[PDB]
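Only a portion of the chains appears, each positioned as in the full assembly.
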Amino acid sequence: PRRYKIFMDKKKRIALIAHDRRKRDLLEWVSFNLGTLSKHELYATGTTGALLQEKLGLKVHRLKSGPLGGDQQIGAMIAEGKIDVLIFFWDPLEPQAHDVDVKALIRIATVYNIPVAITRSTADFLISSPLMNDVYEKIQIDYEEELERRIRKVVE
Amino acid sequence: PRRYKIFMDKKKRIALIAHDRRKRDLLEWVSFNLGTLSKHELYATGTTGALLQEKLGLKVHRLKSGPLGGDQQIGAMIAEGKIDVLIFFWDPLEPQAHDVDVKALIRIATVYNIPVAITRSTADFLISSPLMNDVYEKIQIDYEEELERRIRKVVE
Amino acid sequence: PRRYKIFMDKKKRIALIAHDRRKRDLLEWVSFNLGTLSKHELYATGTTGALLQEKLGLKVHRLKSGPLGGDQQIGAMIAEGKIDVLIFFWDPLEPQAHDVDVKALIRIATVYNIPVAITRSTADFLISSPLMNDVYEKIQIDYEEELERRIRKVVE
């Protein structure tokens, strides 16, 4: 399947997500990077969103709570081009029973090949890339072509 | 947490999904039950929906290909109250690598307690119930309250 | 592989299962549906079973505790035709470490295409279908034919 060269916009649509024991960490990261982040459009799952607004006076579009459908809302937005950078701080050691599934989100982000930070150090590289504030070129694999060939083969 | 009651409408919004080797089975099921399904609003992932339009001339709202984000569109729509019945025929023996993930959709259908058929016989019971064509009462567990309080104790 | 038309009995063999935080919910559901349920034969995992007997004076065959083998006993019973309706209320948000695996049970129920309720609203549709108290027709996929063709190919 084909690899296409696609141009991406200067102003980004950034989804901000954190597992519960990473919420204060995300808050702090956002707080040191306010100047750059305030040039882009920002979204968050419900509770992280409230925290940002409440502790920073930040302007963010709030989706539903991650475990109550907010994770699928943001995944759908990725697939519709309405989010194009994912920042997801997650708990690799003691995650809550309800803490949002990292897999499905990173998967749909990989399908659409968008920038993803799943470590805080990755987010620091992302936010300081010249590509953050500029137009840039990305390679989109033609997964639709691949998928349909396979489906037709099975179905006949 | 509290359990509270919601009355659901007579006319349903029904999501139809099939794993690749179950596509023809779901087509045969829809074809045999058209009189009843034609009273309702029908939705489907990309390829299953085209197949229904082509083979049956059925008026179905087509979403993206399931593996390319249609699954998450449908999950988002369940959480938003835009879908209130899920019919998903799946492959329990030989699923393809890309076959739509059953767990995440049944998870979100269960959070919002909507009727779900993940076997063909379950589907025959659903469509024959008098509640298919009438309003009925569902119990909605107050997951937002519990969740909010747990998140609080962690972030605190 | 072939799809066979198979007739199923008027009197059902119903397995009743609940994750810990759904046990009181299952109790209440059973309590509003006693009249219909008392026409069929009923089974439960060990602790749910005891609860039903203790809080309702219900007659139910008790298997082992779900996490100590009761889940496999009921799956085996499905595969031997000794259970033919599954009612499983489960915890989509805060499940216990030991709470019975939903996947394996829904899988073997799909192999044998029996009616399954994994939401309480699904159970209300099931119990009110005319098929609940009548003989009905079901489609059994010939999974055995499919499996053996595949196995022989690998083994030579």
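Here the chain labels run A, B and C in written order, and each chain numbers its own residues starting at 1.
Going forward, a residue touches a chain if its C-beta (ideal position, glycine included) is under 8 Å from a C-beta of that chain, and two chains touch if they have at least 3 such contacts.
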Oligomeric state of the whole complex, in copies, if 3 are shown: 6
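One rule holds in what follows: only the chains that are shown with their structure count from here on.
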Chain B-chain C separation of Cα centroids, rounded to whole Å: 20
Euclidean distance of C-alpha centroids - chain A vs chain C, Å: 39
Chain centre separation in whole Å, for chain B relative to chain A (CA means): 26
Residues of chain C engaged with two or more neighbouring chains: 93-94
Chain A-touching residues of chain B, taken from the complex the two chains share: 20-21, 23-24, 47, 51, 64-65, 67-70, 72-73, 75-76, 78-80, 96, 98, 101, 104, 108, 111-112, 143-144, 147-148, 150-151, 154-155
In the complex, chain C residues that touch chain B: 3, 8, 25, 90, 92-94, 102-103, 106-111, 113-122, 124-126, 128-132, 136, 138-139, 141, 143, 146-147, 150
For the chain C and chain A complex, residues of the former touching the latter: 93-95
